[PDB]
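Note that one protein chain is taken out, while the other chains of the complex remain in position.
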Amino acid sequence: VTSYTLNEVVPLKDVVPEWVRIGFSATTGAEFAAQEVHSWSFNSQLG
Amino acid sequence: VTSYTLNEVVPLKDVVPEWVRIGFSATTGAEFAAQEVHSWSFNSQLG
Amino acid sequence: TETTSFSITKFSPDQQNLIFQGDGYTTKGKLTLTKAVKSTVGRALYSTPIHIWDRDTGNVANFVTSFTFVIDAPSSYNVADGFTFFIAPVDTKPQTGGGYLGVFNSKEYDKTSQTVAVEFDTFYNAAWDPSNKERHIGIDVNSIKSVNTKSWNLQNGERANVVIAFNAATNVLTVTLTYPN
Partner (left out) sequence: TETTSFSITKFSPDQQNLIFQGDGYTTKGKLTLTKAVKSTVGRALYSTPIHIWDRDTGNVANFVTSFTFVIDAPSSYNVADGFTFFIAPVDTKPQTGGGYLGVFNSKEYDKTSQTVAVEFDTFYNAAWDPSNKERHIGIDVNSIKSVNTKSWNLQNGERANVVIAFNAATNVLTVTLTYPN
């Protein structure tokens, strides 16, 4: 198994609005590739 | 503590579409009352 | 596999994940469907569409919902029409008000309705409510005339906890209503 980990402090309250939408993006240019997602889980708790 | 329980067989697949919305409704007529909900939790699992 | 869960223990004035119809609105940490006013209707829908069954596999979802509600009427002899928990198509709009509870339009079986509702009926409508004239909890399938009802004694202003469960292996829909006292 090979893994990579990165961490950063991000003050969410100051960057995003109270309600948001979460999602995925992908683009290609003159060089390209296919980008697929096979599965997705998500859990949030406010309060 | 007073409780009430009702059971019935309902063949969901034959009455509602594959995708649905869940919610609450309330009405008043010549006679009325206030209707309100204080908390709401839901869990479903397909397959 | 596909699952979905949510829990709201207190409503925001700007509850973005809900769709409001009629007089429904959020106030003081609570969801108000109707205020104590005549001839009105209010509905609130969770905005995510839920995947209930899969045409492809024939699978049907297992699900459970829990909620706390209150009915506050002027008196035990002046209360109408009732409140429901319902499952309907994604573009559902309020239907006939009054004794139809904002969800059905007839006591006759309307296959185009595609709605299942669990009602807490506080007013007796002679045309389709149980003969005994008692308030009751009922399971509604495409029609305002319940397929099964259970007599229930309304406790005015009191908080009732309700649990509604559907067991897909069985097709059984169970409803439990409880009062502290």
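In this document, chain identifiers A, B and C correspond to the written order of the chains, with residue numbering beginning at 1 in each.
Note that in this section a residue touches a chain if its C-beta (ideal position, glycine included) is under 8 Å from a C-beta of that chain, and two chains touch if they have at least 3 such contacts.
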Touching residues (missing chain, whole complex) on subunit A: 1-13, 15-47
For subunit C, residues in touch with the removed chain: 1-10, 12, 16-17, 47-51, 54, 56, 90
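Just so we're on the same page, only the chains that are shown with their structure count from here on.
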Mean-CA-position distance for subunit C and subunit B (Å): 4
Shared interface positions of subunit A, touching two or more other chains: none
Of all residues in subunit C, the ones touching two or more other chains: 9
